[PDB]
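Chemist: Letter by letter, the chains look like this.
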Amino acid sequence: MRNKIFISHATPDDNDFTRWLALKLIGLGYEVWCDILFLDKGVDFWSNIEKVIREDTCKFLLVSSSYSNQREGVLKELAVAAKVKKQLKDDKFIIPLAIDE
Amino acid sequence: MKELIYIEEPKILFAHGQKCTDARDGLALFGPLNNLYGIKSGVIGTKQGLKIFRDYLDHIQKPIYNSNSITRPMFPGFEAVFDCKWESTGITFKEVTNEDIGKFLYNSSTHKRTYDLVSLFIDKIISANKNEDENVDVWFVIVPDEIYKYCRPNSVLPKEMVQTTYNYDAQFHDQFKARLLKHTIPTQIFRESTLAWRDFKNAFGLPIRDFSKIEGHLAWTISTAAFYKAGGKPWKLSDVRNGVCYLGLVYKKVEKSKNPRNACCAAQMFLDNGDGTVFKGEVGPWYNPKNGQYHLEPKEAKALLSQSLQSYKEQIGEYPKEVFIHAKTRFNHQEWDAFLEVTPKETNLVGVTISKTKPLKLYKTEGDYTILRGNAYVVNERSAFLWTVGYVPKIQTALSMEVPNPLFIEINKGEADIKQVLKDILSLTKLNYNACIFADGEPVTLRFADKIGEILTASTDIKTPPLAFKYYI
Amino acid sequence: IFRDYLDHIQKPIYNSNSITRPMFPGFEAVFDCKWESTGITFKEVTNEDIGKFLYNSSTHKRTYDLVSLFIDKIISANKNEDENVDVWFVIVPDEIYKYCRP
Amino acid sequence: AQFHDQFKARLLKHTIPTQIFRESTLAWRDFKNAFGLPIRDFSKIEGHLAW
Amino acid sequence: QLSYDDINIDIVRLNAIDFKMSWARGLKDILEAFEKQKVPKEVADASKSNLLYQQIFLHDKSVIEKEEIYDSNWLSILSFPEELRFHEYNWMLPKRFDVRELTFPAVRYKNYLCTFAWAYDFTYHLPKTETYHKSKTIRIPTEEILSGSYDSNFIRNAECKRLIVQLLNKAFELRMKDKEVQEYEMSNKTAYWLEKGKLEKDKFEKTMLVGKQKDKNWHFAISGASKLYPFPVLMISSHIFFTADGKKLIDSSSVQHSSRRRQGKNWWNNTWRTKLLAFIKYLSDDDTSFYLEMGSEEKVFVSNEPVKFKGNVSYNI
RNA sequence: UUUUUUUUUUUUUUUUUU
DNA sequence: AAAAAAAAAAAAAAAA
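Chains as they are written, first to last, in our numbering: chain L, 1 to 101; chain B, 1001 to 1473; chain A, 2001 to 2102; chain W, 3001 to 3051; chain C, 4001 to 4317.
Calculated directly from the structure, the hints in this document are not laboratory data.
Just so you know, even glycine gets a beta-carbon here, dropped at the ideal spot from N, CA and C.
There's no promise every hint is true.
Claimed, not checked - Beta-carbon label-pair distances, calculated as ranges: (1) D1133/B x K3013/W: 13 to 21 Å; (2) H1111/B x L4228/C: 44 to 52 Å; (3) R2/L x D4010/C: 17 to 25 Å; (4) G1367/B x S4135/C: 53 to 61 Å; (5) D1210/B x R4108/C: 50 to 58 Å; (6) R1330/B x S4187/C: 21 to 29 Å; (7) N4188/C x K1112/B: 31 to 39 Å.
Said to hold, decoys possible - Straight-line distance between alpha carbons at most 25 Å, and here's what the computed SDA-like set of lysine to any residue pairs gives: (8) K4048/C x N1068/B; (9) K3044/W x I2013/A; (10) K1299/B x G1284/B; (11) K1019/B x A4024/C; (12) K4299/C x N4312/C; (13) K1002/B x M4208/C; (14) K4177/C x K4227/C; (15) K1236/B x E2036/A; (16) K2011/A x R3010/W; (17) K1394/B x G1284/B; (18) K1413/B x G1284/B; (19) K4028/C x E1008/B; (20) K4281/C x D1368/B; (21) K4196/C x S4254/C.
Stated by the list, open to error - Some chain C residues flagged as far from chain L (calculated, every beta-carbon gap over 12 Å): (22) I4017; (23) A4046; (24) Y4120; (25) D4202; (26) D4287.
Work the whole structure out from these sequences, hints included.
Modeler: Pasting the structure below:
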């Protein structure tokens, strides 16, 4: 079953907000996946993210920022989120988050 | 202004499940369907005729250029296009002395001379088959040019060279390929002019058979013929639906017996269990008395249909669902009644009549260019006119030379969807294995059947003939 | 079984005592010949077909029937098939070998 | 009454090379006796069979 | 089996060249990108490589959708007689007499003379017919024959429409004779060619119909054929015949056939169609149609413009 | 007969009429 | 002994 909530973000800068939101959500018992926190070392990180999004990611959360708009990693994870959105047939799968004023 | 609709191009299958419209280009790039490891060739003829064969084989081993590559793509090499070897080494050669070929040729009677020339070849080929260890997949026999002058019907030998059987026709080719049916020996006929033309010259100094520009096309049409006679599938159809056998009847005369007796022959094409398309003739020749009947008697018609349908159960198992019989001559009700009785309840029998006689010629309003191929003016639910021969821009010109004459399609019997029929005849024009061309002017069923009929009408002693096209084209 | 043996003899095989009888280094290496299991002409003979003729009282007519049941198929394949055969490898069962000989 | 001689006798008018193969001469590993060993065991001899 | 949904992420971003249905269009896209992105390419052989590059795009020549009107060889028939008359000449017509010599076309059926003309058109050839009675006529409303409604013991639809193509054929023959041309008899048919000097400079409209080739004078010729199965039309087929001095046809079959081969080698669609329509326009009686002489007052108006067709596909050179 | 196509010689039948 | 509308078979030349 799909019971994971991936958090798309830029890992160098938006790491603080991502970590805070992930800790708050796990405080609420919502399973959360973050590359800063739940990514394993010594593994194919892109493939692991791909499996998490395709199989286990129930909801996709995007932290939209002045950096997260044009980075290749956030773009690729967003596109895979769009593919999973198409396959699951859930119009509310992707919920972007705007943090930068 | 009358509407005419265009059937989509019949589009043929190739290796790896790959699909290409053009057969020559499809073989040139994607290769053939099946793998022939190597071709074992045997040559029967004189020493002077063997040298030209070796030279022409060496020529066709390398890629050979055509003058206008866009009109006709060149031949890039047999080993490249059919992914098979066929070289000059390892050929079982048979001598034919010039004395032997001159002693028999210079005869007063054309029937005796053609019978003896055919015998001099077939006897030695039979001896090679029965007496030697070497295996020959296909036999290439070289024949000189004087024989073509003085070994055919109505060819009068000049008085100055007259030095010195009647139950057989005077043609060398038909007798040669007919008397070899019992031994299952595939053989292909070469003219020594069809070989390296450059040696033979006319009075003007230019050789009579100018092949300088179009050498690539001849290379293509000999390579595909050799591969077909070697045991391979050049290309296959992919638009054919299951449970449909077609069959093609063409009526040929027989002169050996009194009255033409109108030998009848058929060629089968259908879908087999799986995807493989099985194209074999149905040769049980049903002799038809009367000078100009051209209609099967009930007994022969019922037999022909019985072995036609059993040819489908024997390797598929169930009865065909919808048969589409094609023919050059109209069907009368007597043969249809014979047909329907043998025909089972589920099978839907269709008789379709095709004719080149109708003088319809569509002329374009402006320009030195003709109608496309595939255009079809439909008259009604039962009759139509389809231009199977015409311009296809892939060839950039016509398969004919003058303004082409379309086929007159008429569903004489059965009900049939007329457009379903017209989506198949254009498809039936693609499977010409004896020549590597875009398509033929008429469906290959009525062409291969015509050829096998023209061959089975030559020999008296055929019994249980072979139903493969290898022995005929 | 024929396909399995063809695959086996495609690969080289070793005998117990190489001094008594040498190893077979592979068909392709020995004979410089290509002979694979792909593209083999196959004409199937039903077990019911080899059972109907087999269970006969007289050896002569049963042997004639078994011989015909294969020769007719072979000649039909030669005369009516596009695919060419250099050699016709005729696999025969062992019950026939038991009960189709003098 | 023997399959071999008649079989390659009647195919003579067609000139077709043939090889009669027993299922035992092939992968005999299936063909077993009561004691459990193959009757025609060529485990040491399989190289000669291939040759 | 590989949907675009399950592609790898780093590949999900990248636009993919499709190979699924065709392996040739994919390579087409690859090469298109390669000259688009300026991938280095060693020209090398420059001949085989060029051939393969041309071969891959088979694609330069595909089905393109534009309406294209076509001109056939079928001359549409515009009008027909009111009645099909079967006059009972009987003894007025001698038995051992030829129906071909009659001024207007006339086919004998049983004891009824079948023609589209009225009773006393034929007094000159048959003086015994002056005392005929018009109440013996078996006139039939020809339009019903074309529809197919009329069928009876007197005549069958197959045998009542087969007499219309015969009579119309002799009508065409007599009309073409009225145009005063010489004839080349065929094995079965009949084709008519126009003289040398009969036309002004042997050229009608802007198209020459009789010209020279070495010492062999070629003459454009046509033949007539009426068949009413799909439409009521007049089939016309172009032909080329030869004369040694401009008038006397060569009796040698091989020489004439070889010559026709020589000219037809270089005569394309616009060389056959234009000549055929020009000769038809010469045969025209007015600006739109021509009539064939079959009787004193009844005439069949055959259009001089060939039946046009319409095709949804065209092409370019 | 490497092919193909367009022709011209012939020739023949069927249905009907006297 | 015709008619027209349908048939095949062979011969000759030039292209593909």
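Chemist: So, for every hint listed, does it hold in this structure?
Modeler: Hints versus structure:
1. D1133/B x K3013/W: 13 to 21 Å: Holds, at about 18 Å.
2. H1111/B x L4228/C: 44 to 52 Å: 48 Å, holds
3. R2/L x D4010/C: 17 to 25 Å: 23 Å, holds
4. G1367/B x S4135/C: 53 to 61 Å: 59 Å Cβ-Cβ, so the 53 to 61 Å window holds.
5. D1210/B x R4108/C: 50 to 58 Å: The hinted range 50 to 58 Å holds for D1210/B and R4108/C, with Cβ atoms some 57 Å apart.
6. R1330/B x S4187/C: 21 to 29 Å: Roughly 22 Å apart at Cβ, these two residues keep to the hinted range, so it holds.
7. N4188/C x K1112/B: 31 to 39 Å: 36 Å, holds
8. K4048/C x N1068/B: OK: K4048/C and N1068/B at ~14 Å, within 25 Å.
9. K3044/W x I2013/A: 10 Å, holds
10. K1299/B x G1284/B: 13 Å, holds
11. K1019/B x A4024/C: Distance ~9 Å between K1019/B and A4024/C Cα, so the pair holds.
12. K4299/C x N4312/C: Cα-Cα ~37 Å, so violated.
13. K1002/B x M4208/C: Not satisfied, since the Cα-Cα distance of roughly 30 Å exceeds 25 Å.
14. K4177/C x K4227/C: 21 Å, holds
15. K1236/B x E2036/A: 23 Å, holds
16. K2011/A x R3010/W: 35 Å, violated
17. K1394/B x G1284/B: Violated, at about 39 Å.
18. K1413/B x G1284/B: 23 Å, holds
19. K4028/C x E1008/B: Holds, at roughly 22 Å.
20. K4281/C x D1368/B: 21 Å, holds
21. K4196/C x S4254/C: Given that 25 Å is the threshold and the Cα spacing comes to 23 Å, the pair holds.
22. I4017: Correct as stated: the minimum Cβ-Cβ distance to chain L is 18 Å, above 12 Å.
23. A4046: At about 40 Å from chain L, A4046/C clears the 12 Å cut-off, so the statement holds.
24. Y4120: Non-interface label stands for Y4120/C: nearest chain L Cβ at 89 Å, farther than 12 Å.
25. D4202: 75 Å, holds
26. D4287: 66 Å, holds
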